[PDB]
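First, one chain by itself in C-alpha cells, the form solved without this ligand.
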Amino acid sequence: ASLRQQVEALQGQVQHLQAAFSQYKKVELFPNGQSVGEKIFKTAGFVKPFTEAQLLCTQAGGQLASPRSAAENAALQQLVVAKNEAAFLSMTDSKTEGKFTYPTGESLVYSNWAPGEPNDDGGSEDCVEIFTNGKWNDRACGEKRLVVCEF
C-alpha cells in the first residue's frame, strides 16, 4: 500500500512537471524558435560566415539548420522571414563539387533549389543559403548569413 501511495504521489508530480514544461516550451520558442516535428530550429539572431556559424551550432550541441522535408523547410523559412535575413543551411559541396551533403556526408534527401541553382557562381559557391521565399541558393561560405541551428 506504501509503494501504491508513492506511485500515486509520483503521478501527480509528473502531471505537474508535464503541464509546467508545456508552458515553458512555448515561452522558450518565442520569438527565435520554431518547432517542427521532433526538430527545433532556433536562430541566434545575428549573421556569421559559414565556418563560424557551424561552430556555434555544433558547440551548442546541435548543428546548422538542415531541413529534410517541405515541412521543415517551411518552419525554417518562418524564422528567416521573421528576421528578414537569409540563413545558412548545414549542407555544402566542399568535398566534391556539385555533390551537396549533410555534415555527416550523407546525400540530400530533400532540396528546394531556386531555378538554375546550384550554379557554383564564380566557381566558388560551396555553401547553401535559404531565402525569405524558402528557396535555396549555393553561396560562398565566406559570406555572412543568419545563424540558425537545429536541435
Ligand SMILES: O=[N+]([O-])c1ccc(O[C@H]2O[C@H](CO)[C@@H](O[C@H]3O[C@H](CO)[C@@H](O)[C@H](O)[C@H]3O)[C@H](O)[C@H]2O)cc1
The other form holds:
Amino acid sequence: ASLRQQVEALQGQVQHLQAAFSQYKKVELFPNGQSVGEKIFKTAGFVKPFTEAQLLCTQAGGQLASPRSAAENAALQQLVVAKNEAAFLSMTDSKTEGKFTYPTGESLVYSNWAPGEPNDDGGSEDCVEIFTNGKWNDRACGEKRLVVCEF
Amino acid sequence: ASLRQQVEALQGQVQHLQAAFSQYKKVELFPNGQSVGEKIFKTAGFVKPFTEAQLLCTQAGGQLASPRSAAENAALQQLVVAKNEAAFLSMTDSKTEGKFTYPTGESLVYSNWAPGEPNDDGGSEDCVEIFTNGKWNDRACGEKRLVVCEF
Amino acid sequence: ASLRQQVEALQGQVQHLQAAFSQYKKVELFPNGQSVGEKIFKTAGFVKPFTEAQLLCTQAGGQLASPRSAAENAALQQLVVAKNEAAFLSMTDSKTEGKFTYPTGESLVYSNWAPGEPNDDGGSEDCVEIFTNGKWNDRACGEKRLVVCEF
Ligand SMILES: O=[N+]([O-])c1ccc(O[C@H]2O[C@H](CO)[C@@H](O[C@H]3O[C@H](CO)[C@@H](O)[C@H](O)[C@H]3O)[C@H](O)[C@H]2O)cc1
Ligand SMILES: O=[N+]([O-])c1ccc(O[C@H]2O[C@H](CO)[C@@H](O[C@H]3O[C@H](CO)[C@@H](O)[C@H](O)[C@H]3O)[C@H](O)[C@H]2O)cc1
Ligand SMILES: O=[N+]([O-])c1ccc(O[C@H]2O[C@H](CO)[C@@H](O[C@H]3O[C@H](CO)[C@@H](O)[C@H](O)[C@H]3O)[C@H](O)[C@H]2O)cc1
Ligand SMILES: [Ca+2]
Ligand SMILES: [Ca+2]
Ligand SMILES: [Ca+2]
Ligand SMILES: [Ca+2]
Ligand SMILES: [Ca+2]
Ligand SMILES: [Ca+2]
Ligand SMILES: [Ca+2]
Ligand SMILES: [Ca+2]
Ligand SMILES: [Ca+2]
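Moving on from the form solved without this ligand, kindly provide the form solved in complex with this ligand as a structure.
Following is the full complex, with the preceding chain placed first.
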C-alpha cells in the first residue's frame, strides 16, 4: 500500500515540474527563440560566415536552421524579421553544384527559393540565406549572416 | 509480481530532474529575468515603441510588464536599474483619457506614479514608463523604451 | 494491482518531460553558456568591476566562474573567446596577499597562471582574469571585465 502512496507522491512532484517548466519555456524563448512543432530555432543575435556559424551550432549540440516545411520557414522568418538580418540556412551545393543538401547529404524536402533562385551568381554561391521576406537565395558562403541554430 | 522495480527508477529520475531543473532556472533568469511570486519578468535588452514592444510580448505568450504590487514593482525595478533604461508597462489610457487600464480593460489595482503623474503632457501621453527609481510616468507611446514582458 | 498503468503512465510523463527539458537546455546554453560536468557557465554578455560582478552572480543564486580543472577552464575559455573579452574569476588574494582562495576561503585546487603571474602588479592586483587564450592573470579588482557566473 505504501507503493500506491509512493506513486501519489511522484504525481505531485511531476505536476509541479510540468507546470513550472511550461512557464519557463515561454520565458526562455523570449526574444531570441521560436518553437514550431517539435523543433526550436534560436538565434545568437550576431552574424558570422557560414563555416563559423555552422561550427557554433554543431558545437552547441544542434545545427544551422534547416526549415523542412512552410510552418518551420515562417517560424524562422519571425526571428530574421525581428533581428532584421538575413540568416544562413544549413544547406549547400558545395559537393555537387546545383544539388542542395542538408548537412547529412539528404536532398531537400522543402524549399522557398525567391524567383530565379538558386542562380549560383558569379559562379560561386553555394550557401543559402533567408531574407526578411522569408524567401531563399543561394549566396556566397564567405558572407556574414545572422546565426540561427535549430535544436 | 509487485516488482515495483519501476517505481524505483521513476523516483531517481524525478529527483535528478528537480535538481537539474532548479539549476536551469537560475541559468535562465541570469541576467535578464526576475522571479516574484508566480510571475516572471524578462527584458529583451533593447528598446522599442509601445505597439512593437506589446506585440513582442503577446507573440511570446506573455504581455508587457504589469506590476500589481509593491513587490512586483520592486522586482521589475531591478531589471530597469540593471539595463539603466526606463521600460514600458502594459497599461494605457488610450480608450478613455485620464483612466489607465490593463490590457484586459480592468482598472489599476496598484500604482506607483511619480509626483504629478500622470499628466498627459502635451496632451499626448497614453502609455506608461517606469524609471530606474521605480516611479511611473505617462509617456508618449511612440517613444522607445526597454521591452520587459511578464510570464 | 492496477497501479501498473499509473506508474507506467508516469514513466511516459517523466520521460517526455526529460526529453523536452533536454532540448530546452541546449537552447538555453546557445550562445552564452557552456556545460561541463555538472557545472554550467553563463555570461551576462557585458563587463563590470569585480564587486559588481560578484554581487550579480551571488544574487542570481550562483557565483563568479571558478574553474577547478583543465576541462572547466577550457569550457570557460570558449565563452571568453566568443565574446573576445577577458573575464573575472571568483578567486582573490585579498585576505592574504599571494594566496588566492575561492569565496569560501578554500585554497586553489587548480590554476592556469600565464608565465610570470600572479605578480601583484602595482602592488594591488587581488582579483583574477582569464584571457582569451585561457591563461590567468591577477588584475586590479576595480577594472571592468566580462561577467560570467557558474551554476
Ligand atoms: O525581404 N527582403 O528584405 C529582401 C531584401 C532584398 C532583396 O533583394 C535585393 O538584394 C539582393 C541581394 O541582397 C539581390 O540579390 C542579387 O544579388 C545576390 C548576390 O549578388 C544574388 O545571390 C541574387 O541571386 C541576386 O538576385 C536582389 O536581386 C535584390 O532585389 C529581397 C528581399
Ligand atoms: O529615476 N530616474 O532615473 C529618473 C530619471 C529622470 C527623471 O526625470 C527627468 O526626466 C523626465 C523625462 O525623462 C522628465 O519628465 C518630464 O517630461 C516627460 C516627457 O518627456 C513628461 O511625460 C513628464 O510628465 C515631465 O515631468 C522629468 O521632469 C525630469 O525631472 C526621474 C527619475
Ligand atoms: O590571450 N590573450 O588574448 C591575451 C591578450 C593579452 C595578453 O597580454 C598583454 O596585455 C596584458 C594586459 O591585458 C599585459 O599584462 C601586464 O599588465 C597587467 C595589468 O594591466 C598586469 O596584471 C600583468 O601582470 C602585466 O604583465 C601583458 O604583459 C601583455 O603582453 C596575453 C594574452
Ligand atoms: Ca559550387
Ligand atoms: Ca552553387
Ligand atoms: Ca543567388
Ligand atoms: Ca489620450
Ligand atoms: Ca493620457
Ligand atoms: Ca508624464
Ligand atoms: Ca593585495
Ligand atoms: Ca594580490
Ligand atoms: Ca598580474
